[PDB]
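Take a look at this single chain in structure tokens; it is the form deposited in one PDB entry.
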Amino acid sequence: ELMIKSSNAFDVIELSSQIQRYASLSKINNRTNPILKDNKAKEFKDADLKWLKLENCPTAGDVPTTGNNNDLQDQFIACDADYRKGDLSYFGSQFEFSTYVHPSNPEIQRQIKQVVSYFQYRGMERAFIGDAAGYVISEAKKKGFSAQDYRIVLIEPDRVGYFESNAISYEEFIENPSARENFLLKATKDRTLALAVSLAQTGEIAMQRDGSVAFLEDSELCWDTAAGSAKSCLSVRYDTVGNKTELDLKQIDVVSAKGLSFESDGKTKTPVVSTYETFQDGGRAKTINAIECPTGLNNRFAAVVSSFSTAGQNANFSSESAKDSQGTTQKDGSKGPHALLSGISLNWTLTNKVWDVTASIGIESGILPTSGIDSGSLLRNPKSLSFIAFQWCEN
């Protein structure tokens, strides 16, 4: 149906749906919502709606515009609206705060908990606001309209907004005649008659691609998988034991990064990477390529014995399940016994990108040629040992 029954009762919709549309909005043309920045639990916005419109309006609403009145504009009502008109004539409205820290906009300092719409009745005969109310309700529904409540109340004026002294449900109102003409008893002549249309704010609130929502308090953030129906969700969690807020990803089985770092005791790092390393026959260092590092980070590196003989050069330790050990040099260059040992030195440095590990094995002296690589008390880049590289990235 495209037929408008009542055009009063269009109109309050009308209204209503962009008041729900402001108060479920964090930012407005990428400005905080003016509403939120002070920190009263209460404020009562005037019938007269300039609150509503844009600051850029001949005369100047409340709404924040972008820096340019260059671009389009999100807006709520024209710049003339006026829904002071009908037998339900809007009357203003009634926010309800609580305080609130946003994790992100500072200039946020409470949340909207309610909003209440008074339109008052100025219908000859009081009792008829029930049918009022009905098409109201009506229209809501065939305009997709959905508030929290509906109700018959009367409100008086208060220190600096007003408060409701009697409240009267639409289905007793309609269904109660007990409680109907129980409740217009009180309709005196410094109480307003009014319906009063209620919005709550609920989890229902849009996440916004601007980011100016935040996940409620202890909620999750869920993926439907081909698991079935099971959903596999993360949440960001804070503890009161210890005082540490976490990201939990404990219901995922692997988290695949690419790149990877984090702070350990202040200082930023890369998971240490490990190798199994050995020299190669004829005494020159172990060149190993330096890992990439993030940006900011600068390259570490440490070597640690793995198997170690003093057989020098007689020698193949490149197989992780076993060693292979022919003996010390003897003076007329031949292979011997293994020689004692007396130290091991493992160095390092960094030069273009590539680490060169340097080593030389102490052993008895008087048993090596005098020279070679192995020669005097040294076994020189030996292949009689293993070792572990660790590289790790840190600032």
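Residue numbers count along the first chain shown, from 1. Compared with the form deposited in another entry:
- Two rigid parts of the chain turn against one another between the two forms, and the hinge residue out of 187, 247, 81, 200 is 200.
Starting from the form deposited in one PDB entry, produce the coordinates for the form deposited in another entry.
Coming up is the bare chain, nothing alongside it.
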């Protein structure tokens, strides 16, 4: 019975939906989508559909497996599959690309802009391709596909794959008898008459566990929350002025991360973290443990002056709220007035996960003893100093 139309259209939508899924994946079974590895602006994939079958099949396809054949293998069509049957017979698919640098997959050189899957019409009368197309649109709606961007085309080989020499919208083919016949008037034997299928997913379509289904533009990913009847959402917006995308988390009160990295001027950084530091008694260098950096980043450090005086060892600067400063050591060992200052140096070296910090305060000469921690014109690793330590990681 001539409901083989509907059944034929079912197969057209089934195959096209799987091509769309494949076209939406950057990785398939933990390996780069092979079609993304090249850099040409167009590619046509053959109608035998080996490029869409798994590599581990009785005949080997082009779609990668993991390597362990006990794992679950994501797949698209069965390996004995063939869609070059029926009145709408699969003729191949036209991929159009733009170049793309993937932030985490150096193997990817392009991104897909559009995929068109062609089904040549082998019906008995060529003017009935319109009727057949009506069934594909119906089957599309049944699987959540828009069914609003269809056209009938004539295709012939190009230097690369094929090109559409002429096209007419499905709506003009059905409603415009003049345009219809003018189109059919071009359907010579050198060209191939075909339905051109570009599927767009309605908002009803389910999100898939491999991620091939993208959220619609301006839609939000939301959670029910114990705020009751409130839902807290995030979304990825694009701003046409400035040409930038934003991950908007501002509807949630706090984003709580563990490790966190970001970029400044192409370089990767961790947020600076700060401590209040003083040297302890005895003129000995200060050891500060280095933060553990994310892999690929390296430790940075900076010390900045908060409080100082020329008392050297005769000081307690360890409280943030008060400073104890008892003056400068004199030649006879007594504590005198505070000498005048000429410089402060803060130095730091990273050796084996430890920042070794040293400091010197330069003061007027002729006051300090000849020997000791405070001697000559230098107060070495003085207590009369407080600094803030900033640590971060960068590349």
